[PDB]
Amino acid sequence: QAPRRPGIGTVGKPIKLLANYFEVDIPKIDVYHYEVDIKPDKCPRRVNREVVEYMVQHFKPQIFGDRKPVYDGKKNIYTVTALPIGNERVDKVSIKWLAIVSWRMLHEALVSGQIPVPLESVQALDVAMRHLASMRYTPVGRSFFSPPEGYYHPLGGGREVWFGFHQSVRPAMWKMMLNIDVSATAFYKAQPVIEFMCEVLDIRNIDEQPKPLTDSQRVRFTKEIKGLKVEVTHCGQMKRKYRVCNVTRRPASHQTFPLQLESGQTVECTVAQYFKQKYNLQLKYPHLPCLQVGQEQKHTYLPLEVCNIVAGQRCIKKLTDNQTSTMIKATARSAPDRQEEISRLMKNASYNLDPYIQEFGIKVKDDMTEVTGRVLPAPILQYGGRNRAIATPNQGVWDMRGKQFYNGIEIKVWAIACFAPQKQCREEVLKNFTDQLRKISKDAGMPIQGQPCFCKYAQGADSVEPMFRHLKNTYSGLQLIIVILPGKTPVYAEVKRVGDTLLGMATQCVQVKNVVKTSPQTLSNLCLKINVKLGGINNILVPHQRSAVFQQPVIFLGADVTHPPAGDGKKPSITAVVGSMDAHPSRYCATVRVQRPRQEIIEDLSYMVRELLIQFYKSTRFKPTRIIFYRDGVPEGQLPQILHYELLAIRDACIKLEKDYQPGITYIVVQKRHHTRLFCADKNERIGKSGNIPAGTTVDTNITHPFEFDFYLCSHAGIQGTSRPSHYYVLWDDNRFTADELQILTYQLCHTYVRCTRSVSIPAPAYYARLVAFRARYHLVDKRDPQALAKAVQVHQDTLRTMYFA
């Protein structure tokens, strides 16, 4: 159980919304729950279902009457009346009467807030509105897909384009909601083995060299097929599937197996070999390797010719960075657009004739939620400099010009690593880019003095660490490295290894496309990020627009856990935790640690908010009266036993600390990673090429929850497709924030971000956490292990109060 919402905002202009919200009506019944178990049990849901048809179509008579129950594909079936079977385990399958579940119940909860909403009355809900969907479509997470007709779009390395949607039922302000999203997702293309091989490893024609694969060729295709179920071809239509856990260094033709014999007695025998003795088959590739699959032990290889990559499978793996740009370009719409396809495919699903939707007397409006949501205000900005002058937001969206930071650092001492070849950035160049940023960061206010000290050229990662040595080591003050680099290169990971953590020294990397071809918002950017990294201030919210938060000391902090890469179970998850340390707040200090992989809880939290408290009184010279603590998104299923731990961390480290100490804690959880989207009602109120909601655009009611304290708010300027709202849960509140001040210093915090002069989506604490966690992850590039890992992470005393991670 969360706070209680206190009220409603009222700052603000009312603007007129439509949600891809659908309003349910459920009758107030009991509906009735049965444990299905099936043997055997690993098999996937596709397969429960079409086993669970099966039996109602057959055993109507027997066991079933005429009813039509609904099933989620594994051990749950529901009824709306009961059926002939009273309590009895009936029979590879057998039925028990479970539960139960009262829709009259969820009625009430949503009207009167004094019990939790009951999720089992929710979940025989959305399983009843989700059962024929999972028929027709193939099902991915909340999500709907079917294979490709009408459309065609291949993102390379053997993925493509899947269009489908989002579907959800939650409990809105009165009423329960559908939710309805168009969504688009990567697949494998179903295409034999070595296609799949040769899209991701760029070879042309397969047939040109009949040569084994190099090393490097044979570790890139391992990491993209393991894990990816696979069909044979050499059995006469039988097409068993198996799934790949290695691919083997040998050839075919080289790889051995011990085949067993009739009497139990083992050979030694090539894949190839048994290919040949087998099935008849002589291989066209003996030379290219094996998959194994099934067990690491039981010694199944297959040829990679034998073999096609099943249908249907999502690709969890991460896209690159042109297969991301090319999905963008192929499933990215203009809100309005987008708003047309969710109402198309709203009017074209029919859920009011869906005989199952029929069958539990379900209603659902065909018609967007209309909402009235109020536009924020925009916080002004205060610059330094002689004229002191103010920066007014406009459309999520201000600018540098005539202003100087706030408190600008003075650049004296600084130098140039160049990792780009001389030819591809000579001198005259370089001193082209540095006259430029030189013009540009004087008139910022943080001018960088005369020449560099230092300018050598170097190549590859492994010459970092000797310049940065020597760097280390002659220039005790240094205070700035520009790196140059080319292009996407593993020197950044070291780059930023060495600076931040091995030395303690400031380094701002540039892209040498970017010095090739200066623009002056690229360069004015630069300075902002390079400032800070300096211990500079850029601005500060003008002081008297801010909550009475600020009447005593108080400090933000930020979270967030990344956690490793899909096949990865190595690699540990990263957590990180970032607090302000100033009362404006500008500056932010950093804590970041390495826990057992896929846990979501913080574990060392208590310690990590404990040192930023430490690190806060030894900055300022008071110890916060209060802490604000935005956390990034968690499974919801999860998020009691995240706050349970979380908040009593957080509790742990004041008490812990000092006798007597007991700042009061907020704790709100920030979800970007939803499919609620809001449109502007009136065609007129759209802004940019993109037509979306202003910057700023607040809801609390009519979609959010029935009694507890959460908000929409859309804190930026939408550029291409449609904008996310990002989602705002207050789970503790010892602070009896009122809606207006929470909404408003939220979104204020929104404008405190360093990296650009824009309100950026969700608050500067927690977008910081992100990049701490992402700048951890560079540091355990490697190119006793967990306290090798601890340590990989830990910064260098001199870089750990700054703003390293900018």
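What we label the rigid core is the largest C-alpha set whose atoms superpose within 1.5 Å from one form to the other. Positions refer to the first chain, counted from 1. First, how it differs from the form deposited in another entry.
- With the rigid core aligned between these two forms, only one of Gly718, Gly408, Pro725, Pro286 has a CA shift of 2 Å or more: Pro286.
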Contents of the next structure:
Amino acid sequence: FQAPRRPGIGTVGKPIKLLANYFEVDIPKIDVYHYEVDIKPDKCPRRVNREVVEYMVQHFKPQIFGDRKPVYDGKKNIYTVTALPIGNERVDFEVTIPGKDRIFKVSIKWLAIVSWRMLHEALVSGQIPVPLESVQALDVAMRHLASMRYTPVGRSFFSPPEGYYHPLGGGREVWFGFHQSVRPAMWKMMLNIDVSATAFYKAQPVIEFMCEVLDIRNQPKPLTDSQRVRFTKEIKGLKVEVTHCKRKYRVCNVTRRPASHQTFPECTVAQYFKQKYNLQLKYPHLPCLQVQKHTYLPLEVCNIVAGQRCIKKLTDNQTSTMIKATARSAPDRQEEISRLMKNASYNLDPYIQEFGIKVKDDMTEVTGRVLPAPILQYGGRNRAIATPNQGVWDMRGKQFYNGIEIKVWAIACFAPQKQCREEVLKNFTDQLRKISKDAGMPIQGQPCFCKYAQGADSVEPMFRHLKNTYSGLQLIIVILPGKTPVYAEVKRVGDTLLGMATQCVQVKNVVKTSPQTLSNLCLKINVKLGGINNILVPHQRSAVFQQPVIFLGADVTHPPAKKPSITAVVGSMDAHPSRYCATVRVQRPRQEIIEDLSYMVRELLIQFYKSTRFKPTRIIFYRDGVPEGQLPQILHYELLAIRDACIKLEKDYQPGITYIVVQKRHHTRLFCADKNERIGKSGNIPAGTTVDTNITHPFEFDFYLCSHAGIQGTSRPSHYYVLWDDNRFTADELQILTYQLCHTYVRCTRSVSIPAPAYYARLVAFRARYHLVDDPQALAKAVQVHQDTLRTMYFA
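And the form deposited in another entry, for comparison with the form deposited in one PDB entry?
The next block holds one chain only.
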């Protein structure tokens, strides 16, 4: 599978001068020399491998290396500007590195020549593929020095906080650093720098770490069974350092036994620490850390060692508090990326000069286009239209294109009646009923059922009862007291078990009702009941709507650091397109490919044919949640899976497939060159800003489209990569269409950051996790949706 080449440059849209956090990189037309490295012991951290290669290039210059400045990737790849005085045969080294001294055994063997002259030719002529070996060697060199001075996390670099302190609770703090990647861009290799931020464990005593994990201000008690387990799940695997002697250990368990009782070869840990170091423990009632050999360390002689990133999932408070500590307006990020570049001074890097690399000082300028927003057609008495302004519109004076007449509905309140008495319930429904009629969705009757409930165990008997008592019941409105295990059980019973539409509202939004909040509720409700909010004005769409076409969205969500991975593929069931049907699966954890894609597409194609009595001549497939590097393997499997579904439906059914990867997880940031064109308090680029030049691929079909308005922080322009196009789109035709699909998202009268198909697949995969809350065949059954609900947009 060869990716389609760029068919052309887009032409539609008002021009806008832009700055991008890409920096031009100039490399000489020279060969570089690539050697493979073997270090024994062979399973050491990359930070250790760099200390090994550093020692030997420091201590073996006369025999090999000499005045060369090699560059190293922390693993097995090492690159020099000129070839080492070695043949094809291996060269072994005995290295001893200073805590205490470790002896290492290192082997180097010649591998191959990497041509940067070849990388020049692909960027000018495109007659060969971009040589990844040339790009890899360039990235290793430009980041070798940072890898020796900072803490690498992925493609980022962090340093310990100096002066500042952004605690997250639970023993975790925030480290600020930067991202650095090297990609090719039409007119040169580009160095991509951005500000980055991730969580780390505080360098604090284990006692203090235990208190933050368990919430305690130190009133002596031992740890309960619940506390011992939760403390174990947080510190297991981490590393600690001792203070009584200065060694370092990896924690493998927490003893079920306190320090005064935990024994070993006979002798308790408390007496052993008295019988030596003359330490009388201040917390012998607390457990020890096990570091299976039987070595135990009490919590008070151990500190958490700094530099340990936190891969575990953060609480709702911890993500909210980190968002606030890291969000800066777009101009603020500009000057910060500029600060990092001045600090970097890449042209004065000795390793960058070794390979003759030259880095451009200022951010790349590029002229993008602000695409024109589509017009949304509403219905009702007025048949009004919506003209988006700054990627936003409202419902004022508009009714739904197809409004659902709500005749039978029930209310289930799960907050205590002390907090939500009858008087505030009546006011809520009255306000909602009025706004629902305004939007063309008449909530006509009073609730045929309205009771107070308590506990998640009451929803199924009550929902079973509602389905049996009230014929023609359309909606259940469930009022919840904040975060609760009732929401999952409401969705599990409603979506998977009984097939009943449900709209959950938080009790906080019932006591105080905003008309905007009520309007956003009806947007979901009308669609949960099979309605249509708006449609794209038809005659302003792409020509792919002249024949039957289906739009698919796809996403894969993985479990946090054995839960399964969840794949979701949604399919347009109409020609607007507005109504989407959903399919969902579970698969083994951390498999990026949608294994069941072939049959999931088959189900969507069959549902499309039942809803329209048409067979799609084209398939537009937006794929979300893709990591680069596995992209060829994902497309190969999934593009054949889509084709295989069509082969198994009819003997000679060959619709054209467009496969587009939607990437929001990247560090490409765009900025207004003119300050007068900054929009909002955040000062971001306008909604609809498109870029398909200067920073995109030399000869392949990709573009950036920031389809949304940036409320806070710096906007993330979505990158779109066309991997297959049987339908032979033009650049304008596909960029406008991607932008119009960003205006068909039902949960808000706004233009969102990714197309509605891809966003729905995300919602379906998240809803599947609430369905999996309390065997692969049993896991597969839990995400299956009731036959009444498959036919609707429950995930809204």
